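In the form deposited without 5-amino-1H-imidazole-4-carboxamide, a lone chain appears below as structure tokens.
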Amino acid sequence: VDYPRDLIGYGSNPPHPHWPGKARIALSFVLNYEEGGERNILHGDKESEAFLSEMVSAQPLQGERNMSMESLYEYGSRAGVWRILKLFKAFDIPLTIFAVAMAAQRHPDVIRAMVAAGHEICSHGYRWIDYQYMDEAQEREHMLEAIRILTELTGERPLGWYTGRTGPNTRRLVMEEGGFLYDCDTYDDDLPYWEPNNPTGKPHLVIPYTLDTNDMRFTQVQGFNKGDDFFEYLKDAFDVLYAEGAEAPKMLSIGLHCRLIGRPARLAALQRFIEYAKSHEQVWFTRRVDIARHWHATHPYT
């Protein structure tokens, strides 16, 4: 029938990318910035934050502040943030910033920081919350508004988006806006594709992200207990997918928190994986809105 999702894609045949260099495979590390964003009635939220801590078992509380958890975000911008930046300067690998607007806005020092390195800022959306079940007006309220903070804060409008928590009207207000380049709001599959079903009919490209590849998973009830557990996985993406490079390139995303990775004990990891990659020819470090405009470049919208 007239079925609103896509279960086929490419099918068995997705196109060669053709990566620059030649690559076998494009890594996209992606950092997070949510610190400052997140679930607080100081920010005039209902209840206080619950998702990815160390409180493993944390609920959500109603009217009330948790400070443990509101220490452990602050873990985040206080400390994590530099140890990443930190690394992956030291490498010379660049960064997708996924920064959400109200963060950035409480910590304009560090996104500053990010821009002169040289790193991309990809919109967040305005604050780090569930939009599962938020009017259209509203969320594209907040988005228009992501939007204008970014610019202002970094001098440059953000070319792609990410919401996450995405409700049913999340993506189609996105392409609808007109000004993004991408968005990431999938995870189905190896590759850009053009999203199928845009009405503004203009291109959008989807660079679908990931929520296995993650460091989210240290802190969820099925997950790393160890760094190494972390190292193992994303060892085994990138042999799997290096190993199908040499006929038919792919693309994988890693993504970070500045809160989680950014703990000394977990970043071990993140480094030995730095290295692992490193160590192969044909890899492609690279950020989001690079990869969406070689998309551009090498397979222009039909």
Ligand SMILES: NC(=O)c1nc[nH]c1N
The other form holds:
Number of protein chains: 4
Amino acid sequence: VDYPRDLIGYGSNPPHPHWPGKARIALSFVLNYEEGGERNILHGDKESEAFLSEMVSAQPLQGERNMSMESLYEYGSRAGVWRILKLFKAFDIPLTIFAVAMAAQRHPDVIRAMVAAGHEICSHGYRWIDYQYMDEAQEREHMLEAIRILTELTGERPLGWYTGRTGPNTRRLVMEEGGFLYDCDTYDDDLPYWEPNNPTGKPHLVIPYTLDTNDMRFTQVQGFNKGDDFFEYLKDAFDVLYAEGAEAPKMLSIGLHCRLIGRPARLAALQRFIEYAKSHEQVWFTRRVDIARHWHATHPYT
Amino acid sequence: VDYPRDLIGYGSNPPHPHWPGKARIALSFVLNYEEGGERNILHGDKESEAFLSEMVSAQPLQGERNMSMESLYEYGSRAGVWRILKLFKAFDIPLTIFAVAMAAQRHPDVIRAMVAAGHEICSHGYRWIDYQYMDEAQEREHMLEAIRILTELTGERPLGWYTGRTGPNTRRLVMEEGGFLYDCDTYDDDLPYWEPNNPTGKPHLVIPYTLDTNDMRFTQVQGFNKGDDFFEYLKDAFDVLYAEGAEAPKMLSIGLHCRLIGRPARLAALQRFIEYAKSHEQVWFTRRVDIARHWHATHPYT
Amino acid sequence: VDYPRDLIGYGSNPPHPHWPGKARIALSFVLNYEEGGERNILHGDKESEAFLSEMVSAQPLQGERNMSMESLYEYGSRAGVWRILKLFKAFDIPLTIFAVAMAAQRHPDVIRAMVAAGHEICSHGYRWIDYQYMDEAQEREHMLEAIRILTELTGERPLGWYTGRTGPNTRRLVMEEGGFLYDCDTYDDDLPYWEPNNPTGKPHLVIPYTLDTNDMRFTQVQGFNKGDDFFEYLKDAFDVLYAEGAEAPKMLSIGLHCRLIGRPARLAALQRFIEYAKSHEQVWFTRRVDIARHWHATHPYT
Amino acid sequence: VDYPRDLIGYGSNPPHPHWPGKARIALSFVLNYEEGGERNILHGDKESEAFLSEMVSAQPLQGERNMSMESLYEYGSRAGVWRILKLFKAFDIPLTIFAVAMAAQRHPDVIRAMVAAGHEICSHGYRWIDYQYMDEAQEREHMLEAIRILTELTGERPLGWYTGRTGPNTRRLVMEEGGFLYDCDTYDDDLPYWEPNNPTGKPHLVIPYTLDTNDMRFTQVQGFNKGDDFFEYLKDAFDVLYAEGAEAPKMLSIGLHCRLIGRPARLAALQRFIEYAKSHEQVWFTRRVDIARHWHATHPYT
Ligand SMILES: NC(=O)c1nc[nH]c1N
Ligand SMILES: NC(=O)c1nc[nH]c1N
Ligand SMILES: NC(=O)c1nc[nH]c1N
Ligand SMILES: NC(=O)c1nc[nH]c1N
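Would you generate the structure of this protein in the form deposited with 5-amino-1H-imidazole-4-carboxamide bound, following the form deposited without 5-amino-1H-imidazole-4-carboxamide above?
In what comes next, the whole complex appears, and the chain from above leads the way.
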């Protein structure tokens, strides 16, 4: 008898994080880069992409090419990413980039442009796909293959990972890997915690990510019609955490995608919230690597 | 010739409930607990969970494990439930817990923590699944099995039931069971009524539940984009009942799930409504068991 | 070479209707009654109902019984219909009832209760289903069978029809039938027009209905989250027609369903609009039969 | 090794367009005409239409006729188109018509009526369908067949194209064709650019279109509930571009469909935005052909 799920975690007693600056909230802004990395027969894929694009009802096409799907992704790398990088640089808030190995190759300039802005480049896997079914063998060297590309693309290896479309073996291999300080393949808490089942023994930091305060909802069945739906949602999820942080601060992730929030219609909202957030004192805008290194010092694994 | 459906009920003449305090409305706040109880091959299930999670387009996976799906549920037990329990305790309004036997085992501390707050623990079945197809035999001892777990988990047996994903045999077996005062496997009225087709002869109270003033809509195709959609909906459904209650009071159910409303973004709305509701006199916040025992005394079965 | 579709109609020259009272708009409020008439193995159906219910992602079940689905419909006949009848009687605006033969049997009291309020009872077919595939033979006597039930249910035959889920043969048979003054199985205009392809030769009036200013959208993938979405939509579609009616009045249909708008949450919106509409002079609230008889006198078939 | 996708385009350096009048934004209003051109067994199709109609969950029917689907399209040609033509003529802003060959035949009067208003008639293909799978041979003379119809329908050939539901061969054949100045079968930028892979050698202008600032979203799973969702979206996507245009102007496409925006409920929003847009100086309302000819002179292919 063994349950491979921790349904309880900290329970009624979440640790206090003591965010630098005495912030009542810690905000993680995340910009993915998957454009170019997505499904495509050109990449070897047996079908075209269908996930997160204006084509909200798109289906995959076996041994076909979704020219439309492709164009919409192309907006993310071509136009969307730039516009967002100005927004964040504009307010001096830093980013964590969930960058997919194959996309980074295909647009190394923009990666190096991020790296120079001081944004942290976290690994988003070798390719933007669903690992759920992948064989353990072929999945393990996607990771090391991804680990190699970004080190050579960036100058330093990635000490963070996030697959997203995880298969079971995924979070294990991350931890078995070695050189990662954290992962984000959880949406299970409002705070970071050390992975309880690390075979490796070495401390492993978990920084849960989000599928609700994620701009991906602008293209899902359930999701924002206008910008303001995203914004009101972010304000809400801010207000409630800030209010809690008067005695017990927590964090909040914000997921952005080049092809979605980068569209001017939706960018308006993202800036709206930034300004909102910025108007409150005791807010720590930060990269996830900093949250990991903050945790290490603050609440070292025991 | 026999129609097994009562399409008429009270017709033009709903009974007046005389809610304690002379309230013009009776409000039933319900917090489900299904996290840990849901579909999973670890539980014997042939496929992973797909119902009510941020993964609004998730499909079931035969003999697979949806690590993502699991994590999102894990948020309900780990973080969501606690935050909500503070909200309700915060306003001194009481709850009725629709608790699923298997989840209660997996987190007995939080169940006992509820029981101590004074919230009523109603049965939500042995496992959170779709009974629609289950064989009468194997379904009947899920119930008694569920009936045993919560008595031993709580100190008293459950005198209420709600499966949700009912099969035909379900509401019968509930009534054939014996020790239940009511059930909630109806969404067919704005007031409680005695089950008209109880083979058992013994009075059986029906307290219709809701799939519209339910936070579940935040993850369905049709459903709230921002918090305010839930809230405006609740205000509306409040305003119209309160206005009616000037001469004929009725009730209103509110369905909450740990993994959904417990997310800070959506909690803001839930509190918004509570405050709204609280600002009106002649409102009876109550547990369903109290509504059953209120009915017994007020409008005894004949 | 023959195109069985009139893509042009009145073109740039819609006729002026000269609505009684010199109204700048004519409003058709329609309340369906399908509850009890819907799909069900008890009715002979090979599967349960799945269309328009809170169960926004429900699927049909072959030789099964959706107890949940049924309960939600039961709300329409049990509670929803009554509450709405008060709303409309409350403002003295009259209704056109799209009543399905099988539902009318199952709740004759409420039908006769409508008839006494002075509302017009239009035929909605024998059963609430999809005729698209039905054989011409078995479909033709559904209609006459439906035609018989409501005459005996009401005192007068139905001079109007609307199937909704039409099959090709449907609108023909309506016209071949004989005693109907109009039908509504079109959503193709903002005004009534005589059917251009009536084999019968006898004048046939078309009164297009709506699938957008229909409360059905509260349960479809695309559709209102809160009441206000319905209301804002109705105000818009009112404002634009009223503004046009300064020189060229038109009509507007409003589709309501017992099980959907009758829920207090959504009723609030419906009343909101009524009040809105009521606040403007030169608005003709009317039954469709009156619109037919108005047309006859005003713009007789040539 | 050859990647058939330009993921980078202008990168960090989009060209300045110097819009006539020194406008800080260039607005492309587009009204499609597909009604009559859509899928239908009468047209040879093996199934009925299912894309973009109030029937938001409609499925295609093999060798069948969706009478309902048809009626809803019929609203676009019969009523919707006219009402919109007044709106745009009302404000003196000009249109680009994406007109589908088969629809234009079926309603030549309305086409010639557009042509006389001074609106540009761009080709939207021979038939409104999905070319993705079409054989290169039979697809190539759809285009020339479409090219012939509109020249004879309009007086001048179409120097622009947009299929929408493109297959790979599509944009190639457009360029191989010869007499087109641009195409719009991209959604990959916020500015026009010369096609980088034109086999023909001759300059080919790309004017990316939109699937987000498109009224089509009113009938998709993700999309506007009320008018205001469309409008707020347009204001946002306007505000952000206008703000950028203080130093670097760009354009914005607006997709409209007769059967969707032409409904009074949604027309209100479209006018709302027009007025909004109109209230700002330095806005260039224009046809796409003018944007092509503007580009030619301003930023000639090299
Ligand atoms: N964050 C993401 O875009 C993602 N990565 C894998 N699956 C996803 N949804
Ligand atoms: N209330 C519930 O979460 C539920 N229980 C069974 N099916 C459901 N939707
Ligand atoms: N109006 C209706 O509810 C209807 N009737 C047949 N199909 C429908 N959608
Ligand atoms: N713009 C359009 O309506 C379109 N044309 C082809 N596919 C589409 N969605």
